[PDB]
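Below sits a lone chain in C-alpha coordinates, taken as the form deposited in one PDB entry.
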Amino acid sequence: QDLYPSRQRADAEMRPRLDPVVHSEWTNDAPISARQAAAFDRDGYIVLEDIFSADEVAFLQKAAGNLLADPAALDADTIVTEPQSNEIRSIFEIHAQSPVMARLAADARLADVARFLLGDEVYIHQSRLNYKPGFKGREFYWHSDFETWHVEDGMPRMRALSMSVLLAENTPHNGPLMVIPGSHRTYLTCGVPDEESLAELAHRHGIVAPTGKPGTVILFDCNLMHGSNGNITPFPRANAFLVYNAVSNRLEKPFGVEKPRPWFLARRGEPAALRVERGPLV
(Lines of atoms letter the chains of each structure in order from A and count residues from 1; the text may use other names and numbers.)
(Lines give C-alpha, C1' and ligand atoms only; values in the text may rest on other atoms or scores of the structure.)
Protein backbone atom coordinates (compact mmCIF):
# COMPACT_ATOMS: atom_id res chain seq x y z
CA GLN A 1 0.00 0.00 0.00
CA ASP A 2 3.03 2.30 0.36
CA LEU A 3 4.50 2.79 -3.12
CA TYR A 4 6.66 5.67 -1.95
CA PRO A 5 8.26 4.90 1.42
CA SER A 6 10.45 7.72 2.87
CA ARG A 7 12.06 8.67 6.23
CA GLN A 8 12.34 5.00 7.24
CA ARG A 9 15.87 4.07 6.22
CA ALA A 10 19.05 5.80 7.32
CA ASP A 11 20.03 6.29 3.69
CA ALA A 12 18.46 8.18 0.82
CA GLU A 13 17.53 6.50 -2.42
CA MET A 14 16.58 7.72 -5.86
CA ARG A 15 13.51 5.50 -6.35
CA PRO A 16 11.83 5.43 -9.77
CA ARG A 17 8.47 7.21 -10.31
CA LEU A 18 5.60 4.69 -10.49
CA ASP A 19 2.90 7.05 -11.79
CA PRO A 20 2.08 8.93 -15.01
CA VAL A 21 3.01 12.61 -15.10
CA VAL A 22 0.33 13.54 -17.64
CA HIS A 23 -2.68 11.28 -16.79
CA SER A 24 -4.60 11.93 -20.02
CA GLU A 25 -4.48 11.12 -23.70
CA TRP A 26 -3.93 14.33 -25.56
CA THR A 27 -6.35 15.55 -28.25
CA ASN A 28 -7.45 18.78 -29.95
CA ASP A 29 -10.15 19.26 -27.32
CA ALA A 30 -7.55 19.68 -24.57
CA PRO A 31 -6.92 22.93 -22.67
CA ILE A 32 -3.24 22.88 -23.74
CA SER A 33 -1.31 22.05 -26.93
CA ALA A 34 0.24 18.65 -27.55
CA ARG A 35 3.70 20.26 -27.25
CA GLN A 36 2.69 21.80 -23.92
CA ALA A 37 1.52 18.46 -22.53
CA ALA A 38 4.78 16.78 -23.66
CA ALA A 39 6.75 19.61 -22.00
CA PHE A 40 5.07 19.06 -18.66
CA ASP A 41 5.63 15.33 -19.10
CA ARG A 42 9.30 15.80 -19.80
CA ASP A 43 10.06 18.79 -17.51
CA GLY A 44 7.44 18.51 -14.77
CA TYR A 45 6.37 22.09 -15.28
CA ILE A 46 5.09 24.59 -17.88
CA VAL A 47 4.45 28.36 -17.92
CA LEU A 48 1.30 30.14 -19.11
CA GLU A 49 1.43 33.76 -20.12
CA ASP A 50 -1.29 36.25 -20.97
CA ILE A 51 -4.16 34.04 -19.81
CA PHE A 52 -5.78 36.81 -17.73
CA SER A 53 -6.66 40.41 -18.66
CA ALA A 54 -4.98 43.36 -16.95
CA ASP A 55 -8.30 44.20 -15.30
CA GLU A 56 -8.41 40.59 -14.06
CA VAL A 57 -4.78 40.77 -12.95
CA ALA A 58 -5.28 44.18 -11.24
CA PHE A 59 -8.37 42.94 -9.43
CA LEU A 60 -6.35 39.93 -8.25
CA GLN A 61 -3.42 41.96 -6.95
CA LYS A 62 -5.70 43.97 -4.68
CA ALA A 63 -7.40 40.86 -3.31
CA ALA A 64 -3.95 39.69 -2.19
CA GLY A 65 -2.95 43.20 -1.15
CA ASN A 66 -6.02 43.54 1.07
CA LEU A 67 -5.70 40.15 2.74
CA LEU A 68 -2.05 40.80 3.54
CA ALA A 69 -2.88 44.24 5.02
CA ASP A 70 -5.66 43.18 7.48
CA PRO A 71 -4.51 39.90 9.12
CA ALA A 72 -6.81 40.14 12.18
CA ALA A 73 -9.85 39.42 10.04
CA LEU A 74 -8.65 35.98 8.96
CA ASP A 75 -7.90 32.81 10.89
CA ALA A 76 -4.85 33.48 13.06
CA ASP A 77 -4.05 29.78 12.63
CA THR A 78 -3.43 30.28 8.92
CA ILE A 79 -0.78 32.99 9.24
CA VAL A 80 2.93 32.27 8.97
CA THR A 81 5.42 34.98 9.91
CA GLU A 82 9.24 34.53 9.56
CA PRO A 83 8.81 33.31 13.20
CA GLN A 84 11.24 35.85 14.76
CA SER A 85 9.21 38.67 13.23
CA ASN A 86 5.73 39.61 12.17
CA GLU A 87 6.43 40.16 8.48
CA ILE A 88 4.14 37.68 6.67
CA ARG A 89 5.63 34.69 4.84
CA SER A 90 2.46 32.84 3.80
CA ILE A 91 -1.29 32.80 4.28
CA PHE A 92 -3.12 29.43 4.03
CA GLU A 93 -6.65 28.51 2.87
CA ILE A 94 -6.78 31.64 0.69
CA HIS A 95 -9.28 29.78 -1.53
CA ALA A 96 -11.29 29.27 1.63
CA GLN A 97 -11.13 32.82 3.03
CA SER A 98 -10.86 35.24 0.08
CA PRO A 99 -13.83 35.02 -2.33
CA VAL A 100 -11.64 36.42 -5.13
CA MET A 101 -9.12 33.63 -4.64
CA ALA A 102 -11.87 31.00 -4.37
CA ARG A 103 -13.22 32.23 -7.71
CA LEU A 104 -9.72 32.14 -9.21
CA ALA A 105 -9.09 28.49 -8.23
CA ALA A 106 -12.44 27.48 -9.72
CA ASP A 107 -11.83 29.28 -13.02
CA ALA A 108 -11.86 27.08 -16.11
CA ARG A 109 -8.50 28.37 -17.36
CA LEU A 110 -6.89 26.80 -14.29
CA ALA A 111 -9.12 23.91 -13.27
CA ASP A 112 -9.62 22.45 -16.78
CA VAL A 113 -5.87 22.28 -17.32
CA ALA A 114 -5.73 20.70 -13.84
CA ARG A 115 -8.41 18.14 -14.80
CA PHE A 116 -6.72 17.40 -18.15
CA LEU A 117 -3.30 16.76 -16.60
CA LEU A 118 -4.65 14.78 -13.69
CA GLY A 119 -7.24 13.09 -15.86
CA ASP A 120 -9.90 13.34 -13.17
CA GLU A 121 -12.08 15.78 -11.31
CA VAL A 122 -9.95 18.04 -9.10
CA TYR A 123 -10.20 19.69 -5.65
CA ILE A 124 -8.01 22.11 -3.70
CA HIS A 125 -5.69 20.07 -1.46
CA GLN A 126 -4.22 23.38 -0.25
CA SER A 127 -3.72 27.09 -1.06
CA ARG A 128 -1.27 29.80 0.04
CA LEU A 129 -0.21 33.36 -0.66
CA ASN A 130 3.55 33.23 -0.38
CA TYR A 131 4.15 36.99 0.02
CA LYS A 132 7.95 37.31 -0.16
CA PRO A 133 8.77 40.61 1.52
CA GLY A 134 11.38 42.93 0.10
CA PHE A 135 14.57 43.35 2.20
CA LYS A 136 13.78 40.56 4.67
CA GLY A 137 12.28 37.74 2.56
CA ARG A 138 13.75 34.37 3.39
CA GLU A 139 14.40 31.36 1.14
CA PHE A 140 12.59 28.05 0.68
CA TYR A 141 15.19 25.23 0.61
CA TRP A 142 14.76 22.42 -1.92
CA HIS A 143 11.91 20.01 -1.40
CA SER A 144 9.50 17.81 -3.27
CA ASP A 145 6.03 18.99 -2.20
CA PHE A 146 4.77 15.38 -2.68
CA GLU A 147 7.30 13.91 -0.17
CA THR A 148 5.62 15.82 2.61
CA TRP A 149 2.09 15.44 1.27
CA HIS A 150 2.81 11.69 1.23
CA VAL A 151 4.54 11.01 4.56
CA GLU A 152 2.67 13.71 6.50
CA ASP A 153 -0.81 14.12 4.91
CA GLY A 154 -1.14 10.61 3.51
CA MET A 155 -1.37 11.50 -0.18
CA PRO A 156 -1.05 8.01 -1.67
CA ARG A 157 -0.21 8.63 -5.36
CA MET A 158 1.53 11.17 -7.67
CA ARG A 159 -1.64 12.72 -9.14
CA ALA A 160 -1.52 16.40 -8.13
CA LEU A 161 -0.09 19.73 -9.25
CA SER A 162 0.66 23.21 -8.01
CA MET A 163 -0.23 26.39 -9.83
CA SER A 164 1.66 29.52 -8.88
CA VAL A 165 -0.01 32.72 -10.08
CA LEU A 166 2.46 35.60 -9.98
CA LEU A 167 1.08 38.78 -8.39
CA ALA A 168 4.30 40.81 -8.26
CA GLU A 169 6.77 40.82 -11.16
CA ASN A 170 9.29 37.97 -10.71
CA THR A 171 12.72 39.30 -11.80
CA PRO A 172 15.76 37.09 -11.42
CA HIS A 173 16.64 39.15 -8.34
CA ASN A 174 13.80 38.91 -5.81
CA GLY A 175 14.07 35.17 -5.24
CA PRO A 176 11.82 33.59 -7.85
CA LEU A 177 10.86 29.91 -7.77
CA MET A 178 13.76 27.72 -9.00
CA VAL A 179 13.06 24.22 -10.34
CA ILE A 180 15.22 21.25 -11.32
CA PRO A 181 13.52 20.18 -14.55
CA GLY A 182 13.00 16.44 -14.95
CA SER A 183 13.45 15.77 -11.22
CA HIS A 184 9.81 14.71 -10.96
CA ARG A 185 10.70 11.31 -12.37
CA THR A 186 12.81 10.49 -9.38
CA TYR A 187 11.42 10.04 -5.95
CA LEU A 188 14.16 11.13 -3.59
CA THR A 189 13.76 9.62 -0.13
CA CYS A 190 14.57 11.26 3.19
CA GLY A 191 12.53 15.43 6.03
CA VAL A 192 14.94 17.51 3.97
CA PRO A 193 16.63 16.29 0.71
CA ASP A 194 20.37 15.49 1.11
CA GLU A 195 23.04 17.69 -0.44
CA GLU A 196 24.72 14.86 -2.42
CA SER A 197 21.47 13.81 -4.08
CA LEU A 198 20.40 17.38 -4.83
CA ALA A 199 23.85 17.88 -6.34
CA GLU A 200 23.37 14.83 -8.57
CA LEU A 201 19.97 16.05 -9.86
CA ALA A 202 21.03 19.65 -10.56
CA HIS A 203 24.15 18.34 -12.33
CA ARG A 204 21.97 15.89 -14.35
CA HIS A 205 19.26 18.46 -15.09
CA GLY A 206 20.49 22.01 -14.36
CA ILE A 207 18.30 24.68 -12.76
CA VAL A 208 15.55 26.86 -14.19
CA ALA A 209 14.00 29.92 -12.54
CA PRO A 210 11.06 30.99 -14.72
CA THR A 211 10.28 34.74 -14.61
CA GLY A 212 7.14 36.61 -15.65
CA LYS A 213 4.81 39.60 -15.30
CA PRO A 214 1.89 39.52 -12.85
CA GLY A 215 -0.79 37.09 -14.05
CA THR A 216 1.75 34.54 -15.31
CA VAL A 217 1.10 31.00 -14.11
CA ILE A 218 3.63 28.33 -13.31
CA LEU A 219 2.27 24.79 -13.16
CA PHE A 220 4.55 22.13 -11.76
CA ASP A 221 4.02 18.40 -11.01
CA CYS A 222 3.65 17.53 -7.34
CA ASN A 223 7.00 15.70 -7.27
CA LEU A 224 9.19 18.37 -8.96
CA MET A 225 12.24 19.36 -6.84
CA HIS A 226 12.02 23.13 -6.27
CA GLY A 227 12.98 25.95 -3.93
CA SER A 228 13.89 29.65 -3.86
CA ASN A 229 16.60 32.03 -2.54
CA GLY A 230 15.96 34.94 -0.18
CA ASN A 231 14.96 38.43 -1.24
CA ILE A 232 16.95 41.44 -0.08
CA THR A 233 15.73 43.68 -2.90
CA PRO A 234 13.06 46.40 -2.30
CA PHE A 235 10.81 44.32 -4.56
CA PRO A 236 8.29 42.06 -2.76
CA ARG A 237 7.39 38.82 -4.57
CA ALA A 238 3.76 37.87 -3.82
CA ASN A 239 2.69 34.55 -5.43
CA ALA A 240 -0.67 32.75 -4.92
CA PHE A 241 -0.28 28.90 -4.75
CA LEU A 242 -3.06 26.46 -5.63
CA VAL A 243 -2.62 22.73 -5.19
CA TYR A 244 -5.00 20.76 -7.38
CA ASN A 245 -5.45 17.11 -6.33
CA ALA A 246 -7.40 14.44 -8.21
CA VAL A 247 -10.46 13.23 -6.30
CA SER A 248 -9.43 9.63 -6.89
CA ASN A 249 -6.34 10.58 -4.98
CA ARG A 250 -8.06 11.47 -1.71
CA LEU A 251 -5.89 11.34 1.42
CA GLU A 252 -5.56 8.09 3.34
CA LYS A 253 -3.71 8.00 6.70
CA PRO A 254 -0.21 9.63 6.80
CA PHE A 255 2.36 7.15 5.52
CA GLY A 256 4.47 7.99 8.59
CA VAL A 257 3.90 8.95 12.19
CA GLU A 258 3.18 12.40 13.74
CA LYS A 259 -0.33 11.74 12.34
CA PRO A 260 -2.13 13.77 11.38
CA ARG A 261 -1.54 17.38 10.25
CA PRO A 262 -3.24 20.82 10.79
CA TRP A 263 -6.46 21.34 8.77
CA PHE A 264 -5.29 24.21 6.57
CA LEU A 265 -2.07 22.46 5.51
CA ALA A 266 -4.07 19.61 4.01
CA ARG A 267 -7.72 18.97 3.18
CA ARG A 268 -9.20 15.77 4.61
CA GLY A 269 -10.62 13.49 3.59
CA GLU A 270 -13.70 13.18 1.34
CA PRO A 271 -13.52 15.80 -1.44
CA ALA A 272 -16.26 16.99 -3.75
CA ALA A 273 -15.56 17.58 -7.42
CA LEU A 274 -14.75 21.26 -7.97
CA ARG A 275 -17.45 23.21 -9.79
CA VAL A 276 -15.68 24.79 -12.74
CA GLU A 277 -16.59 28.47 -13.27
CA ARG A 278 -16.30 29.65 -16.87
CA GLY A 279 -15.95 33.45 -17.12
CA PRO A 280 -13.90 36.53 -16.17
CA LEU A 281 -13.30 37.85 -12.64
CA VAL A 282 -14.51 41.50 -12.82
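Residues that one form lacks are left out of the comparison. Between two forms, the rigid core is defined as the largest C-alpha subset superposing within 1.5 Å. Residue numbers count along the first chain shown, from 1. Compared with the form deposited in another entry:
- For the listed set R103, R89, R185, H205, the sole C-alpha moving 2 Å or more between these two forms on a rigid core superposition is that of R89.
- After superposition on the rigid core, a single segment of 3 or more consecutive residues displaced by 2 Å or more at every C-alpha between these two forms is found, at 82 to 89.
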Contents of the next structure:
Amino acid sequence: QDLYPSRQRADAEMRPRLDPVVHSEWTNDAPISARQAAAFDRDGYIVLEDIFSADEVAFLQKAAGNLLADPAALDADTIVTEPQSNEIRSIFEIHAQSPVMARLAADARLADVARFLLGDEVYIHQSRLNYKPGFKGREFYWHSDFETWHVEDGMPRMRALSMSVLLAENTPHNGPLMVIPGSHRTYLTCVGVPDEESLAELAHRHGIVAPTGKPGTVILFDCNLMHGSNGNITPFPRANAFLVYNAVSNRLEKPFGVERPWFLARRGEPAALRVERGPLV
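Any chance you could show the form deposited in another entry after that form deposited in one PDB entry?
What follows is just the one chain, with no partners and no other molecules.
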Protein backbone atom coordinates (compact mmCIF):
# COMPACT_ATOMS: atom_id res chain seq x y z
CA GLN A 1 0.00 0.00 0.00
CA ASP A 2 2.57 2.56 1.18
CA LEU A 3 5.75 1.15 -0.37
CA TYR A 4 7.83 4.15 0.79
CA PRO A 5 6.81 5.17 4.29
CA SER A 6 8.50 8.20 5.84
CA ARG A 7 7.74 10.72 8.66
CA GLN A 8 6.21 8.02 10.96
CA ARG A 9 8.98 6.54 13.11
CA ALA A 10 11.33 8.73 15.20
CA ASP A 11 14.59 7.15 13.84
CA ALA A 12 15.78 7.35 10.22
CA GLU A 13 15.97 4.35 7.90
CA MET A 14 17.71 3.60 4.66
CA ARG A 15 15.17 1.38 2.84
CA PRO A 16 15.91 -0.27 -0.50
CA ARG A 17 14.47 1.03 -3.83
CA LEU A 18 11.50 -1.08 -5.07
CA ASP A 19 11.08 0.49 -8.54
CA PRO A 20 13.32 0.34 -11.60
CA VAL A 21 15.33 3.40 -12.36
CA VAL A 22 15.18 2.97 -16.17
CA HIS A 23 11.63 1.73 -17.04
CA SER A 24 12.41 0.64 -20.69
CA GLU A 25 14.57 -1.88 -22.52
CA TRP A 26 17.22 -0.15 -24.59
CA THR A 27 17.32 -0.58 -28.39
CA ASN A 28 18.44 1.46 -31.39
CA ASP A 29 15.08 3.26 -31.25
CA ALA A 30 15.90 4.94 -27.96
CA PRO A 31 16.56 8.71 -27.98
CA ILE A 32 19.72 8.05 -26.00
CA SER A 33 22.75 5.80 -26.22
CA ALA A 34 23.06 2.49 -24.37
CA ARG A 35 25.84 3.98 -22.21
CA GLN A 36 23.74 7.05 -21.32
CA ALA A 37 20.85 4.83 -20.29
CA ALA A 38 23.26 2.80 -18.13
CA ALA A 39 24.73 5.90 -16.57
CA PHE A 40 21.24 7.05 -15.65
CA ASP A 41 20.43 3.77 -14.01
CA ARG A 42 23.71 3.62 -12.14
CA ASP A 43 24.18 7.31 -11.18
CA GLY A 44 20.60 8.54 -11.19
CA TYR A 45 21.44 11.48 -13.44
CA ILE A 46 22.93 12.38 -16.84
CA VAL A 47 23.87 15.64 -18.61
CA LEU A 48 22.65 16.52 -22.20
CA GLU A 49 24.87 18.97 -24.11
CA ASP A 50 24.47 20.78 -27.40
CA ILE A 51 20.85 19.75 -28.04
CA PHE A 52 19.51 23.27 -28.58
CA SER A 53 21.07 25.68 -31.16
CA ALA A 54 22.60 29.04 -30.24
CA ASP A 55 19.41 30.80 -31.37
CA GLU A 56 17.08 28.56 -29.40
CA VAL A 57 19.21 29.12 -26.27
CA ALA A 58 19.15 32.92 -26.81
CA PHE A 59 15.40 32.63 -27.42
CA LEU A 60 14.77 30.73 -24.16
CA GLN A 61 17.05 33.11 -22.28
CA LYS A 62 15.32 36.15 -23.77
CA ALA A 63 11.91 34.63 -22.88
CA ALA A 64 12.81 33.82 -19.25
CA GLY A 65 14.08 37.33 -18.79
CA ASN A 66 10.63 38.64 -19.84
CA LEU A 67 8.73 36.33 -17.49
CA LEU A 68 10.97 37.28 -14.62
CA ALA A 69 10.62 41.01 -15.27
CA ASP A 70 6.83 40.91 -15.58
CA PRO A 71 5.04 39.53 -12.48
CA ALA A 72 1.94 41.65 -13.16
CA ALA A 73 1.24 39.33 -16.11
CA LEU A 74 1.06 36.14 -14.05
CA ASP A 75 -0.87 34.31 -11.46
CA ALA A 76 0.18 35.77 -8.09
CA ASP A 77 -0.24 32.37 -6.39
CA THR A 78 2.74 31.09 -8.44
CA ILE A 79 5.28 33.80 -7.57
CA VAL A 80 8.13 33.42 -5.04
CA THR A 81 10.04 36.40 -3.75
CA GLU A 82 12.79 37.96 -1.71
CA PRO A 83 10.83 38.78 1.49
CA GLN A 84 11.47 41.70 2.12
CA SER A 85 12.81 43.33 -1.08
CA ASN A 86 10.54 42.73 -4.09
CA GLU A 87 12.73 40.37 -6.11
CA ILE A 88 11.34 37.47 -8.17
CA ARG A 89 13.06 34.24 -7.18
CA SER A 90 10.83 31.46 -8.61
CA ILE A 91 7.75 31.20 -10.82
CA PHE A 92 5.74 27.93 -10.60
CA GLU A 93 3.52 26.47 -13.33
CA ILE A 94 5.41 28.25 -16.11
CA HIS A 95 4.52 25.39 -18.36
CA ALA A 96 0.85 26.47 -18.19
CA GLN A 97 1.51 30.24 -18.03
CA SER A 98 4.19 30.48 -20.72
CA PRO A 99 3.49 29.31 -24.25
CA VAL A 100 7.26 29.25 -24.83
CA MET A 101 8.02 27.11 -21.78
CA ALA A 102 4.94 25.05 -22.60
CA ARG A 103 6.60 24.33 -25.96
CA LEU A 104 9.90 23.61 -24.22
CA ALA A 105 8.35 20.91 -21.99
CA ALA A 106 6.83 19.31 -25.09
CA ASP A 107 9.97 19.33 -27.22
CA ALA A 108 10.85 15.82 -28.38
CA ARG A 109 14.47 16.21 -27.41
CA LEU A 110 13.23 16.35 -23.78
CA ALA A 111 9.86 14.57 -23.78
CA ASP A 112 11.07 11.55 -25.76
CA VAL A 113 13.93 11.02 -23.32
CA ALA A 114 11.41 11.15 -20.45
CA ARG A 115 8.96 8.71 -22.09
CA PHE A 116 11.84 6.29 -22.65
CA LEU A 117 13.36 6.59 -19.16
CA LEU A 118 9.95 6.58 -17.52
CA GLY A 119 8.79 3.85 -19.94
CA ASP A 120 5.40 5.51 -20.41
CA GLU A 121 3.54 8.55 -21.68
CA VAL A 122 4.19 11.53 -19.40
CA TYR A 123 2.80 14.76 -18.02
CA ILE A 124 4.35 17.65 -16.04
CA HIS A 125 4.03 17.17 -12.30
CA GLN A 126 5.59 20.57 -11.67
CA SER A 127 7.51 23.28 -13.47
CA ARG A 128 9.62 26.26 -12.33
CA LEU A 129 11.46 29.16 -13.77
CA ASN A 130 14.28 29.98 -11.27
CA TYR A 131 16.55 32.95 -10.74
CA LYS A 132 19.19 32.83 -8.00
CA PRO A 133 20.93 36.28 -8.17
CA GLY A 134 24.61 36.96 -7.47
CA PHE A 135 25.99 37.99 -4.06
CA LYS A 136 23.01 36.94 -2.00
CA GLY A 137 22.02 33.52 -3.26
CA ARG A 138 20.74 31.01 -0.71
CA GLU A 139 21.76 27.41 -0.24
CA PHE A 140 19.16 24.73 -0.89
CA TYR A 141 19.88 21.93 1.63
CA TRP A 142 20.10 18.24 0.74
CA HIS A 143 16.76 16.54 0.01
CA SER A 144 15.07 13.90 -2.06
CA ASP A 145 12.26 15.31 -4.17
CA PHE A 146 10.42 11.99 -4.11
CA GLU A 147 10.28 11.77 -0.32
CA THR A 148 8.21 14.98 -0.39
CA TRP A 149 6.26 14.11 -3.53
CA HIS A 150 5.22 10.84 -1.92
CA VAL A 151 4.47 12.07 1.55
CA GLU A 152 3.06 15.49 0.78
CA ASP A 153 1.68 14.96 -2.74
CA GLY A 154 0.76 11.29 -3.01
CA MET A 155 3.20 10.37 -5.79
CA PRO A 156 3.22 6.61 -5.15
CA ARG A 157 6.23 5.20 -7.09
CA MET A 158 9.71 6.31 -7.99
CA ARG A 159 8.62 6.82 -11.59
CA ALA A 160 9.45 10.46 -12.34
CA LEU A 161 12.36 12.61 -13.28
CA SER A 162 13.42 16.30 -13.05
CA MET A 163 14.97 18.22 -15.92
CA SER A 164 16.92 21.33 -15.32
CA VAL A 165 17.52 23.44 -18.42
CA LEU A 166 20.38 25.84 -17.62
CA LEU A 167 19.86 29.43 -18.78
CA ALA A 168 22.77 31.13 -17.17
CA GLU A 169 26.17 29.54 -16.94
CA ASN A 170 26.90 27.18 -14.01
CA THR A 171 30.61 27.47 -13.09
CA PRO A 172 31.81 25.45 -10.22
CA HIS A 173 31.85 28.68 -8.25
CA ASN A 174 28.22 29.94 -8.12
CA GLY A 175 26.45 27.17 -6.17
CA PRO A 176 25.66 24.71 -8.93
CA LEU A 177 23.31 21.83 -8.19
CA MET A 178 25.22 19.06 -6.40
CA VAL A 179 24.37 15.33 -6.40
CA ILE A 180 25.30 12.17 -4.63
CA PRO A 181 25.55 9.60 -7.46
CA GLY A 182 23.87 6.29 -6.61
CA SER A 183 21.78 7.84 -3.79
CA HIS A 184 18.63 7.24 -5.86
CA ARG A 185 18.79 3.45 -4.97
CA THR A 186 18.33 4.15 -1.24
CA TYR A 187 15.19 5.65 0.16
CA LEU A 188 16.22 7.69 3.15
CA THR A 189 13.29 8.18 5.51
CA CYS A 190 12.92 11.46 7.37
CA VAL A 191 11.90 11.86 11.09
CA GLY A 192 11.01 16.63 6.07
CA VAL A 193 14.81 17.06 6.13
CA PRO A 194 17.29 14.20 5.84
CA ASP A 195 19.66 13.76 8.79
CA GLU A 196 23.38 14.44 9.07
CA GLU A 197 24.60 10.88 9.77
CA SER A 198 22.72 9.36 6.89
CA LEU A 199 23.89 12.14 4.60
CA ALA A 200 27.51 11.63 5.65
CA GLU A 201 27.10 7.91 5.05
CA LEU A 202 25.80 8.41 1.49
CA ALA A 203 28.46 10.95 0.59
CA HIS A 204 31.26 8.77 1.94
CA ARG A 205 30.08 5.72 0.01
CA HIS A 206 29.30 7.64 -3.24
CA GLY A 207 31.00 11.02 -3.33
CA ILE A 208 29.63 14.25 -4.71
CA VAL A 209 29.44 15.65 -8.23
CA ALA A 210 28.24 19.03 -9.33
CA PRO A 211 27.73 19.01 -13.04
CA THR A 212 28.35 22.31 -14.87
CA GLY A 213 27.53 23.53 -18.39
CA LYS A 214 26.83 26.43 -20.74
CA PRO A 215 23.29 27.78 -21.14
CA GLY A 216 21.00 25.24 -22.80
CA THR A 217 22.62 22.26 -21.16
CA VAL A 218 20.13 19.88 -19.63
CA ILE A 219 20.64 17.98 -16.35
CA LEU A 220 18.18 15.09 -15.84
CA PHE A 221 17.84 13.29 -12.53
CA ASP A 222 15.80 10.59 -10.95
CA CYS A 223 13.05 11.85 -8.55
CA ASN A 224 14.82 10.26 -5.53
CA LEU A 225 18.39 11.46 -6.19
CA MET A 226 19.73 13.20 -3.09
CA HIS A 227 20.77 16.69 -4.09
CA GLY A 228 21.25 20.32 -3.15
CA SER A 229 23.46 23.34 -3.57
CA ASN A 230 25.66 25.87 -1.80
CA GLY A 231 24.87 29.56 -1.75
CA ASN A 232 26.52 31.93 -4.15
CA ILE A 233 28.50 35.04 -3.25
CA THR A 234 29.67 35.41 -6.88
CA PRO A 235 28.40 38.14 -9.23
CA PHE A 236 27.25 35.34 -11.56
CA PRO A 237 23.61 34.44 -11.26
CA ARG A 238 22.01 31.04 -11.61
CA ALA A 239 18.90 30.61 -13.72
CA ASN A 240 17.23 27.46 -15.01
CA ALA A 241 13.87 26.13 -16.14
CA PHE A 242 12.94 23.15 -13.93
CA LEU A 243 10.63 20.51 -15.41
CA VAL A 244 9.37 17.43 -13.56
CA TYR A 245 8.05 14.60 -15.74
CA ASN A 246 5.86 11.89 -14.29
CA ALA A 247 4.53 8.74 -15.91
CA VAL A 248 0.74 9.04 -16.44
CA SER A 249 0.33 5.61 -14.87
CA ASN A 250 2.05 7.05 -11.76
CA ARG A 251 -0.62 9.70 -11.12
CA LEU A 252 -1.07 11.19 -7.63
CA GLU A 253 -3.21 9.66 -4.93
CA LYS A 254 -4.08 11.00 -1.51
CA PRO A 255 -0.86 12.01 0.32
CA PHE A 256 1.02 9.33 2.27
CA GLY A 257 0.86 11.62 5.31
CA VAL A 258 -1.56 14.17 6.84
CA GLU A 259 -2.83 16.80 4.21
CA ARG A 260 -0.61 21.11 -0.83
CA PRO A 261 -1.22 24.14 -3.18
CA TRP A 262 -2.20 23.27 -6.79
CA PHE A 263 0.81 25.02 -8.37
CA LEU A 264 3.29 22.67 -6.62
CA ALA A 265 1.67 19.53 -8.09
CA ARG A 266 -0.93 18.58 -10.69
CA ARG A 267 -3.14 16.57 -8.26
CA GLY A 268 -5.70 16.08 -11.09
CA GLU A 269 -6.44 12.94 -13.25
CA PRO A 270 -4.23 14.29 -16.02
CA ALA A 271 -3.47 13.38 -19.62
CA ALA A 272 -0.46 12.68 -21.84
CA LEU A 273 1.63 15.58 -22.97
CA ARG A 274 1.74 15.78 -26.77
CA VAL A 275 5.27 15.73 -28.11
CA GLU A 276 6.21 18.56 -30.59
CA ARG A 277 9.26 18.24 -32.96
CA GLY A 278 11.40 20.73 -34.87
CA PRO A 279 13.12 23.88 -33.59
CA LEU A 280 11.73 26.41 -31.13
CA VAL A 281 12.24 29.54 -33.24
